[PDB]
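Shown below, as C-alpha cells, is a lone chain in the form deposited with uridine-5'-diphosphate-glucose bound; questions about how it binds or moves come after it.
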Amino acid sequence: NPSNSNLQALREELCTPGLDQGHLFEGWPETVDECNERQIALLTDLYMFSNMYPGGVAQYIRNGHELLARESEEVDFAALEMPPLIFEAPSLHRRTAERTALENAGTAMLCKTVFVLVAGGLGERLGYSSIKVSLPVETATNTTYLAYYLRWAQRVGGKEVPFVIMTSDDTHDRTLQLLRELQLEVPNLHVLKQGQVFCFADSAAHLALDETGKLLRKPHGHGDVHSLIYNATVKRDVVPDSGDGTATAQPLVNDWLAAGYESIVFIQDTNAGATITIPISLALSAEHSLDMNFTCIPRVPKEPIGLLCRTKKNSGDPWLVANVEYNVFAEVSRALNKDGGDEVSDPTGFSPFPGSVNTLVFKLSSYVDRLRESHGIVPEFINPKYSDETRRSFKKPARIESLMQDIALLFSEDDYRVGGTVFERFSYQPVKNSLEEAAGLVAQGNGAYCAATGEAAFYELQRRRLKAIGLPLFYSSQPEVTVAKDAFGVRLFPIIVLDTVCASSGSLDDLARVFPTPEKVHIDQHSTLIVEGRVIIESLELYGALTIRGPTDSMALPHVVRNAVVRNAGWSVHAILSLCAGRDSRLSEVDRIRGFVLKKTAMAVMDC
C-alpha cells in the first residue's frame, strides 16, 4: 500500500513547521529511492500508524501539542457537585427482600448482557512476570481470573454468551495460550488487540526512538475498547452477513442488537467482586432507567481511585456526570481556597463523592448510539513523568492516554441518564500492589490491595455469602499468617470454594439450592471444602479438607450428600521465610507475591 512517493511526501510533511520531526532523518539521503531498509521500515511505521490512529502520526503530534499545552495549565472546574442519580446498593451479606428482588432481576438480565474485559495491562508492578488474568483468584483451586470471568459469563448467559477481551502486544499471545491450556471453548468470544502509540521525547512532541533507533511505543490506555468494538466485525455461515464497504461483513454491535441483547458490562482484569456487583447494578439500571451506571464504593481521601462527580469545566458548559481521576481531584482540592464552606470536605471520613471502581454498566442501545456517533473515539490526555521538581525534562518518554470511563463525556444530561451505584468497600477486591507497596500503604493506614488481601477477601466473600443463607460458620477474625516482614496479617480459613456448576450465578437463591438445610452443615473454622459440579449438600460435619465432585453437566441429575462425616489433617498456611535457601525452590512468583503458601497435607474426595 505505501509507495515510495507517499513515504517521501509524509517525510516532507513531518519536517514542516508545527511537526518538526527532522531529527528522525539525520544524515539520510534526499530521495526515498536512495534510502536503505531500516529507513524504509521507519517511514513505513510512520505511514501505517494512520491505520490504527485517526489522522495518523501528524494528527497524533498535533494532539500531543494540544495535550501538553493543556497539561502545563492547572486544571479547574467551573462547577463540581454530587451526581443527581446516586443509588445505595443493599448489603451483599444480608438476605433482605430488596436484595433478593434485585439479585433475581439482575440474574434475569444477565441472560441479555454482553461482557467486555480490559486485559491489555502489565502487572510487573506486582512482581509478577506473566499476564494479570493468569493470576489465581485463590490458590485453593488455582482458578485464574480469565477462567473465573469466562465461566461465570457462560453460566449466566449460556455457552454462546457474547464476550470481548481487549489485549495488547504485551498480553495477546499469552492470553490465547491460556485459553488453549484451560481448554475453554467460548463460541462468541472476540479477542481484540489494541495498538501501541508513539512516544514524545520532549515537551515539543518530538517522537522518541529506542536503543536500536526504532520508534518507541507505549500503551494508549484502556479507552481503546470502544474504537476496537466500533471497527469489530463478525462472519459465521448460512447467515445474512453482507460485506459493506465499511468492512466485511457485519458490525459486531449490530449482531449483538439483532440477537436481542440489551446491556453491556465492562470489567477489569483482577477484581472478582464484579460477579457480585454486576447483577445488582443491572437491576438498578432497569429500575431507574440509567443509560450508564458507574460502580462505586465509599472513597477514603487518600485512595488511588477516581471519583464520580457532576462537573462543568467551563461556566457556559452543561452538566456532565463523569469520573475525575485521583491526581486531578488532589490538584483541584489543593486549589479553590474560597470554594465555599467552613472546613475541609471530610465530615464522614469518606470523600464527598463516591469512588468509581470502573465496572461500567451500559444500556446497549444508548452505548451503540454514542459509539456510532463518536466512532469509539474518547477524549484523550497526557501525564508525563518529569525528572526535576520544576524543570520540564522527561524522565521517561511520554504517550497520549485514554480512559474507557471517559465515554461518559459523550452522554448529555438532556438526552441520557448517567448515574452511579454505591456498594460496600469489601466488594472492591483488586490485586494492584506488590507486598512492599502494600506494607508501605498499611503503615499509613491504607488498603493493601495485594495478592494476599485479594485471596483472603475472596474466601471471606464466600463465607459471608454462605452465612447470608443461614450456614452456621463460626470462625475467628484473627489472622493466621503474617506477610511482608510481619507488616500485616491475613486469614484464609475456613476455605469454601464452589464452582459455577455448583453455585450457578452465585446468587443467594443459587447458593440456597446447594444448602437446602444449612443448619445441618457444620464446617469447622480450619476446614477446606471444594465443591465441583452439580452437588447438593444436605448434612455434613467437616473437620479437615474435602473435595466433593459432581456431574460436569449443569442439567445432569445432582449428587446429594447426606449425613457425611469427614475428619483428616486438612490444610495449613505458612509464610514464606526470608531465610529461604532458594535451591529446589518450588516457590513460584505466584506464591512470592502473596507471601504465604498453602500446605495441602490431606484431602478426602467424594465422587459420583
Contents of the next structure:
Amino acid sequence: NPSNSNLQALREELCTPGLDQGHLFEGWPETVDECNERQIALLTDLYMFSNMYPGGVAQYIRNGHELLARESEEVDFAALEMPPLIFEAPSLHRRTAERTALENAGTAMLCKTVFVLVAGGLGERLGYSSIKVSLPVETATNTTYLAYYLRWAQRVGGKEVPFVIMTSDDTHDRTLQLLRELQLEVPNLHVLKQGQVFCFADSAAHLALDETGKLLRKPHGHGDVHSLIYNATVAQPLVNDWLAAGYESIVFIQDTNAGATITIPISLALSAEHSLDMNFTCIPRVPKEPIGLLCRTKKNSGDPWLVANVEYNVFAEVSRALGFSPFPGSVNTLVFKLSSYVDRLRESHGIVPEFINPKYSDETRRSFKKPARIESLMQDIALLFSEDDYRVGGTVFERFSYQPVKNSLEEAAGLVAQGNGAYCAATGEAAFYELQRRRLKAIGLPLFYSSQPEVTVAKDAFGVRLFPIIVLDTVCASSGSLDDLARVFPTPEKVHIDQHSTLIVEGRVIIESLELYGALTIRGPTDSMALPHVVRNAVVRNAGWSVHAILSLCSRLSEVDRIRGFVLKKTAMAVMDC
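Return the form solved without uridine-5'-diphosphate-glucose of this protein as a structure block, the form deposited with uridine-5'-diphosphate-glucose bound having already been given.
Excluded here are partners and other molecules; the one chain stands alone.
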C-alpha cells in the first residue's frame, strides 16, 4: 500500500532530533529498494500505524515525550471535593412505590438504549486461561457472562437491540467462536477489536522490539472503546444510525459484573429525572479499596470544575498537598444520554486524555522493568464534559449490587484477611444466587434459609453458601424487574422452596403453587408470546443437589471448578415440560 518514497520519508523523519529512532535501522542499507523483506515489513508496520493512532508513530513518540515528562511530576489538583450531583438509589430488595416507579421508567427506557460490553481480557490472573465473558455467572446453569448480558439486552431491547462488544487481540477470535457456539443471534451486534500500540524501551521514548526483531505491541487501554465507536460504520457512522433510529441512551458495562442488569434501569430512570448527561454507577466505599472515587476536581486554580473518577492513591496524595468515605466509588458501569455522548464523541474523535505508567526496575535508576506504552481509560471520557455545558453525576447503589469476578482464590484469601472484599469466582457465584433470593423475597416469596456457609474455600480461609438455588431465564423473568418477577409468582405465599432446594425455570412459565424439597426444572415455550406453562399444586421431593470443596489432594475438574474451589453435585433432578 505505502510507496517506497513514503517509507523512505518516514524512516528519515524518525531519525530526526526529538524522535531519534535511529536504533531501528542499525545496519540497514541506504535506500528502501536495497532493504530486504523483514526490513521493508518493519517500515510498513511503522507507516501503517497512522491508520490506528492520530498522527501515526511520529505523533505517538511526541506524546510519549510529553507524557513521560508529565508522569515524572506530581499529580495534583488545585481543588478536590464532593460532586454536587449525587443521588441515592433505593434498595434493590424493598418493593417501595419509589423503587417500582424507577424500575418501571427505567425498564421502558431500556427499549431505547444502546449497550456496550468491554471484553478485552483473558482471566489469567483469576486462574482461567480463556476470555472472561466465557466464565459462567453460576454453575447451576453454567450460563456465560456473554449469553447473560446478550439475552437480557435482547429481552429488554428486542432482538434488534444495538449491542457493541469491544475485544482485543487476546479475546477477539475466541469471542466470535463463543457467539457461534452458543448460537446467539444478534442482528445489530458490532464486535470492535482494539488495536495494540507501540512500546517505549526507555525514558527517552525509544521504540521497543520483541524477541523476533519486530516492533513490540501492548494494549492502549479501554479508552479505545470511544474511538472504536466513533470510527465504526454501518457509509454512515454507527452513532448516526443509532440516533436516527430514535435511541436515546448508551450504557457501558464491564465483563464479569452480573449486577449491572439490576443497576442500569435505576440509573436510566434517575438520569432522566435529574437530567444527567453522564451518570457514574457507584457504591459506598471504605477508605481501603482498589476502586476510584467520584470527585469534583479542578486541575489548576483557574480551571472550571470537572466531575471524574480519581484513583485512591492520587486522592490521598492530593488531599495532603492541599463508615465509608464521603466520596462514592465508581464501579465503571457508565450511563449516558446518547445525544450528549455523541456530541462529545464528535468533538474529540473519540480521543480521551492519555497517560503513561512505566514499571521501573529500581526506585531511582529510572530503567524500565518492561517496555511501557501510552494508555487511556474509558471513564476518562468524563473529562470532556464541562460543568458549564453538561450535568455529570453519580448514582449510589448498595455494595451488594457490585459483584465482579476479578481475583484468584489466593488473592481473595489475602484480601479477606485484610477485611477487604474477595471478588473471586466463589463470591460472584454465591452473590448471584443470593441476589435472586433477595429479589424474590421482595415480592413476597417466603424463602427461609440459613445464613451459614455451606462450603469453605481457599484453604479454609472463608466460606460461601449457595442454596437455595433459584435461576429464572430471560423468557421466564423478562427484564428481572420486581413486577416481572411477580408475573412468574402471582400468588407467592403458595410457593414453598426448602433451603436445600434447586429451582431452574426456562421459558414462558407461571408458578402459582409449589412445594419443593429437592431439585426441579420447569420448561415452558421458548416464545415469550406463547401461552404460558402454568404450574399449580405441584409437590416435588428428591435427593436434590449438594456442594462440596475441592480437596487439596486434587479428573473432570476444569479451571472453572478450581477458580471457585467447590463443585455442585447434580445428583437428582425432576423435570416438568409441556
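Throughout, rigid core stands for the largest set of C-alpha atoms superposing within 1.5 Å between the two forms. Residue numbers count along the first chain shown, from 1. Residues that one form lacks are left out of the comparison.
Only one entry in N327, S476, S365, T517 has its C-alpha moved by 2 angstroms or more between the two forms when the rigid core is superposed, and that entry is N327. Shown in the overlay between the two forms, fitted on the rigid core, is a CA shift at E389 of 2 Å or greater. When the core is overlaid, the C-alpha of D20 ends up 1.1 Å from its other position between the two forms. Comparison between the two forms places the CA of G121 2.0 angstrom away from its other position, after core fitting.
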